[PDB]
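Only one chain is included here, represented as structure tokens and corresponding to the form solved without this ligand.
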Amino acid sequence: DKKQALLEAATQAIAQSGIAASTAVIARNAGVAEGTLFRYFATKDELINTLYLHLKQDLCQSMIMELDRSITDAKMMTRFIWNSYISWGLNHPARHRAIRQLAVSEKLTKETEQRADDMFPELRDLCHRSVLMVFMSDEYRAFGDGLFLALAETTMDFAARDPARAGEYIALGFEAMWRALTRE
């Protein structure tokens, strides 16, 4: 049970302070000693990796549960995926702030990145058919993920702060994202 309390606490501290969040802070917010956090996670980088995989699985499980297989137009399908991404972030603001900082941290291992793609393999396929070539490359995929997350978090933030127009920010955000990242 302590491992979960550690993830939860790290989720919260990283959302507010990014990866520079203190391990001593995370341990006590979880109700455990820092020395115990390091028995679960030998390094802070190992914590970073496990937390990313944990938040990732949760996000993908939530999107898969809303995935309508009847939708057959690519843009509509990506639109409903986006809505589902935004809705998860709106229901879990800290988990999304944390996942975004983790996702762009350069501390994720190759096994983590590799293991990350295989939770929703078809969503992954869908990208290689829509996304701009440059944003699929080894050099710039990470940047393309960063650009997508910045668009998403900004859409989440305006929807949260002015809910009367949530559905308008989310649709405008999607359209902006679609033009930014996808092929002609």
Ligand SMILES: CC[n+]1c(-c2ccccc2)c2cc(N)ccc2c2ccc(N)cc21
Contents of the next structure:
2 protein chains.
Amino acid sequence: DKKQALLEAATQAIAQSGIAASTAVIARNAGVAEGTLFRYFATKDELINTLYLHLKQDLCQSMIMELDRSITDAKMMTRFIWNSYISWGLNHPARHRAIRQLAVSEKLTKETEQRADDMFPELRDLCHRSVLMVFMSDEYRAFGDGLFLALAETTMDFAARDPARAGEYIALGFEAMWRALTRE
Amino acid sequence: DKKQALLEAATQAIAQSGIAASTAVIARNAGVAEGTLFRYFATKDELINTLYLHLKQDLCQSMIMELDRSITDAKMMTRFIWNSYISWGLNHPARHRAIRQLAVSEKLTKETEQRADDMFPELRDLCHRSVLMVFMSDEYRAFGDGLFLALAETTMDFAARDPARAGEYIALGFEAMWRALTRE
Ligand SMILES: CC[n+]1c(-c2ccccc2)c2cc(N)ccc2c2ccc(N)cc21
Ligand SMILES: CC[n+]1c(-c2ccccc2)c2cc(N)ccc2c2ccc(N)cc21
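Counterpart to the form solved without this ligand, namely the form deposited with this ligand bound:
Full assembly next; the chain just shown is listed first.
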């Protein structure tokens, strides 16, 4: 009931306006008082963390259901996961506009990031196997994730605008990202 | 001076809201009526094209003033141009955010695209020498441009948020971009 409605409103409002989406606005759009929102979530940051996990779970389920586990070559496995990733974002654009902003907000706790990484162990493992070491470090991992998110967002935008060439934007985005971020 | 007021306000508005920025908002922010805005620019698309050339010319004049012709190695010259590009965006974050939204808008005329392309000859010809075929193509050059501007904006935002490590973000952003977009 109202927990879900609050997460839907925060999805719509964060997609519409970014993190600095007003909790008054989100509460209003969920049809309760702002005091009720702060009863369900101790702080705005708690609400951000919870919404990120809910959206990440939805994305990870979608990618997992498409996984061909006979594939073991790192690049081919990552290509097919990328396809699934860009497809989810084209199919759920508000969810995706909500999630990418939470990901770079620097508001996510280490526990949340860790739970998010654990939602899809094969992808977590493939990062360890293939991403340039500097982009797995504590100092530069956020930057490597921002570069990735930037390349995936651009690919989604070009594919959504021009569906006839979506496949080709997805393939050219993937090869560019793989050259940008992976072991040489 | 109203024309310059209107271009400055359109920059701030497009940085914030993309090309869906409101002409009513832009005009009110410049201190003029919307009808006045349409006396200077008869369509929103004319405002978009004029602003894009004004911002591009500013950025290119900045890079040309910084060009060091002692650098005779192509990748190194491209790196130092990159450093000037990132520095311009860190000095002028709304200008670069607006240029990126304008460049990827599908509203620029062929005339505008031709004028932009020949503002900085050394750079135009470094691109022709270095960029992957497919990102020079009629079909996919606009996507190559989108990927570059996404990588550049990412680098700017990290360098601005964490200035202690700005040089390292600039260098890692450049190396990622070079691998993404250039030839064997
Ligand atoms: C930057 C790591 N990275 C990789 C990745 C890229 C290249 C090789 C291996 C994994 C990834 C690959 C696909 N297909 C889909 C999503 C992600 C991704 C998603 C979020 C994030 N924060 C990092 C992510
Ligand atoms: C993608 C072309 N590319 C190159 C470039 C990239 C790699 C090799 C040679 C040139 C570039 C290099 C520097 N440093 C600064 C700006 C640009 C740039 C700027 C805009 C654009 N639309 C394409 C641009």
